[PDB]
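Single chain ahead, by itself, as structure tokens, in the form solved without the ligand.
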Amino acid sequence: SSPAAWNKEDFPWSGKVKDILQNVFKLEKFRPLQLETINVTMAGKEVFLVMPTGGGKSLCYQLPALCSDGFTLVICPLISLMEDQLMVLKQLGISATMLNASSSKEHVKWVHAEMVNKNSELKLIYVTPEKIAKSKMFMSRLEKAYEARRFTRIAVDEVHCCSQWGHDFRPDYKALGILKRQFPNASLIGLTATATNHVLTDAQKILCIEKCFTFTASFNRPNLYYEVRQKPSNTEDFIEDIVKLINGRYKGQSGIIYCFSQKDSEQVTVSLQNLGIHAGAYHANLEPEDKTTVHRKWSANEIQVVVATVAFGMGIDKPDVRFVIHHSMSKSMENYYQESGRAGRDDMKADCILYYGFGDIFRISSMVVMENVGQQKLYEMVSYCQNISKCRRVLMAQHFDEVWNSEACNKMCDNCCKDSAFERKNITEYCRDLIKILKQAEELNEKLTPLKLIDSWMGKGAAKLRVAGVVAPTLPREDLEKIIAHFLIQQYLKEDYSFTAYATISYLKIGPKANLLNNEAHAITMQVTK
């Protein structure tokens, strides 16, 4: 677990290695962890690498495949993912191919031939797992190649699928223990961007390995600027704001906007189009043509902006994305990190801006009602939006359990650039008033949505639901909203779901921690600007 120990260049192979980097791949130096990994593989050992998408993983196997003689075998879960790499490879003059569930009796026959063939130019073969489990023909081929010593290294992609917990399970993966058992003299390397330590140590068993190196890279992206803003109440106003940025500071530049639904995705698109902006829509119910065309024009810069759901994500590698804007919040902290992380892959400065709105809490809540920890992960994301003083990088590192040193931000988030001071406001009596309202409602046999509770507080809405003697304070509507959100994640209040013919809806009720207000000396405070 110590990479630095492996940070030299006095190994025999060091020469051809430096040679191949600059001459074949056209590069000057190494990004982090790359060198320490390559050394370990050339020393003939076993290693796992954990690093974020776009960090430089594939080079770690693609390169040593060129220092020995003959091919390297690569196992990959999806067809699209394989095609991406062959293209890059083809563009540098390197022969490699892939077999698959849908190849031709001719192609299939040509690969079988090139493996045994001791004079072939092949360097890399990509396959799927069912290929290892369900093909005696293919396995008998590997056997012969291994015995002539045409094949000495193996790489496994998405290695977190071995173990049950990985949250992506693919059964075919459990079979892969057969690799070290039948070819013990070859070295193995596993790759992934997402792994608990329990999950890793498990798969080391499934693959029948011992012993094992484990290198881990850091989450941090020094060139990205992080900001949260208030979402405007009126849709026509919100669309204007976004236009001022696109024709303003980002004019001429490429970006992405992320939405909540398929319908939101289309309606935003129509609106930018109607004001001369060059934009296109992307989601899972579109024809495969539409998808492929939109993705093509964006890469060629004939299109400035893609407006998308989470469907637009897997396998994106464009270097010059200058902005990423969030039209609604994400459903969890892990999802936001991976979505925003698509900006600035060229290492140059880029911006990440998120719009926060009260009504989105409840839209996402109902959508995730059957996930066992759905509501918990949502409330974590809500906490991050409510905060007006801690560094954004500090709040993220609490989620990933990295060891953060406080002042490494350098004025690259919104809270670190603020000039203000703060104080804690006492809001205990507001909580006692809301509970009066809820309590009257139940005697009357009525249920309240969030909208109806804010209305009664403010003295508006249907009259029977008001309570004599309560006075709603003199603040803007957005401040009242932020206060209610506070009581909710602290559990003084709670959600109560109902099932109807076409929808799941949320109501508000008295929560479990409301018993604390029995001490008449108990106090609830929230932070504000002076």
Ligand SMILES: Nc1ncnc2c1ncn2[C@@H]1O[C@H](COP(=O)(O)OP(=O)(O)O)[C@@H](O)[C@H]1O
Second form
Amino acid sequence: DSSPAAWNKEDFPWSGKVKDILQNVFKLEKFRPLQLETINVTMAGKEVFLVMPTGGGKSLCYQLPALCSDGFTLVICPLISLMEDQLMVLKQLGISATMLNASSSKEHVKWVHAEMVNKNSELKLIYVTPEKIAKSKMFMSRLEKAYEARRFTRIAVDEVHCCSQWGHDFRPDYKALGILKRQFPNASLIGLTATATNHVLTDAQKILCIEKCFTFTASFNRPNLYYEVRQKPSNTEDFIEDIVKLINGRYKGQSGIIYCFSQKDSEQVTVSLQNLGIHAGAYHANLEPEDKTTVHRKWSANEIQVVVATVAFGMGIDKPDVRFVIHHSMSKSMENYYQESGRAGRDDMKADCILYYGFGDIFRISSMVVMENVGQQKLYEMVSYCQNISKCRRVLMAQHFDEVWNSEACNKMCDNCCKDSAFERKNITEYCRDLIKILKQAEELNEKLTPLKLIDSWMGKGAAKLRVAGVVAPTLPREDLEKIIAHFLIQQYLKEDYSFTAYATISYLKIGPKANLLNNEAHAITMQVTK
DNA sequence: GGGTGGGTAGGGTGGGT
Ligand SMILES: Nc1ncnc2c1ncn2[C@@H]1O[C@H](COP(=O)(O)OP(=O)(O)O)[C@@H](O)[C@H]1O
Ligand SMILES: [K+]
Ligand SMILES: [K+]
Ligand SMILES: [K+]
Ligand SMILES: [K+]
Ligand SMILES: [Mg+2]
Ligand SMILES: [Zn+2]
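In place of the form solved without the ligand, output the structure of the form solved in complex with the ligand.
The next block holds the full complex; its first chain is the one shown before.
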């Protein structure tokens, strides 16, 4: 990762053009960090990789250079939806652009092929899927003619991490993309990604073969962002009522994003907010382009205060003044949470990120991510973050990314750093043994306990057939009992057992690997609690 | 309502189980 700072200047011959395009065409005041350095390197003919979090402004770094020189820029994109979002932005800006995909008509393909070799064509950006490279010789023939005509002099590979086999959403189509630099060496190539471990970037560079390449990585910490974790109420109605209290009481009239586990959750939450007077609109990539345009148009004009998006893939939410981000359910992984929470405060002003932690959400996410190899492990790391009540959120967040060392001070910008309080180490060894007795009886009774059922037996609720006479009621609030069970599951005193039913995957709790340590009478189990 | 109508699939606040 060579230093961008040498390139953070506007003394270049093209600098006047770059400033002219940025202000007059893109209607943008100032470059965001690493934008200018990335743009200069591409205009210098050098290969560059830009690692920037989603919503950081990656797209400008190759759209602007396209307008600074004659001819068009080839953009490789993996998703049709991603291509559509860029085209809508470009169309609003008056920049000529087009796309090719498998579903594109024969006539449109003919037009795009004609425009590529056309001397006077107005096209500046052409977006194609990697399939059009690997599996269309006809498109390659036009591309070769265009290259020899100097029609196109640069290439952008969005989601460049897909080239590497280790990258998320690795695509066999992306493997073939090395043909580009081999066949068109004179065209500079730029790779854009938001999730980029260093070994992933080097592998992708090998695939493209590109040999020497600048890699610019955005700073991890966002000083203006406030990170908080709140308990999620057991019912679904006081929760939305609580959210409306937060929105009116602290962010009255301010834009914000609500993240939900599922698409139907976003629709359900959107209706609930609307009935309470909050102007809200659901957004997800499953939306038709007309729906996406209307929600984006309404949100930008502040006709809609709150956008309710889905965690799974929701990511056309570009607005510089997002004052708050609220997670209706906890993120799937810490890696996802940083991306989702990082939408807020792109204007660099103070913004709040509130995560609502719920015991039920743990198992709902666990069943979904069962096929993922590390899905449970990534989720359990997220659970640990919610559990913690003393450590600074930035320190906790940093520890989940070995790729970044963040020494920046919190400056009272998280719930734990804020709040001066004292903590003990409450013993919970007795509680763990009591839960084991309930579980052991179930195994002999050949019945599986859901976490809901297991907690019911502990408190004296539920079917009496799943009871131990000697187990006394915890005499603690139910939410506290959920945390104790969650702590045991994290520590592997309990383990999740998954049942595959026809309807859905179901999580059941079972005796964990570490329960045999309870045989030692001197063994103790403790957890942080406020005094 | 019925399970040869289907559950990589429509979803469980649609209802029976
Ligand atoms: N220099 C800048 N100043 C202000 N806003 C910017 C700048 N660069 C990009 N943006 C805005 O950030 C938003 C998100 O950028 P996007 O192209 O989605 O980046 P990414 O590819 O990282 O998601 C866009 O709406 C864009 O208008
Ligand atoms: K843009
Ligand atoms: K049914
Ligand atoms: K039906
Ligand atoms: K049915
Ligand atoms: Mg992007
Ligand atoms: Zn802190």
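The term rigid core refers to the maximal set of C-alpha atoms that superpose within 1.5 Å between the two forms. Positions refer to the first chain, counted from 1.
- Among the residues 163, 340, 330, 365, the single one whose Cα moves by at least 2 Å between the two forms, once the core is superposed, is 163.
- Superposed on the core, the two forms barely differ at residue 383: its CA moves less than 2 Å between the two forms.
- Relative to the superposed core, residue 508 undergoes a Cα shift smaller than 2 Å between the two forms.
- When two forms of a protein are overlaid on their rigid core, residues whose CA moves 2 Å or more are considered shifted, and residue 307 is not one of them between the two forms.
- Look at residue 440: with the core superposed, its C-alpha moves 1.0 Å between the two forms.
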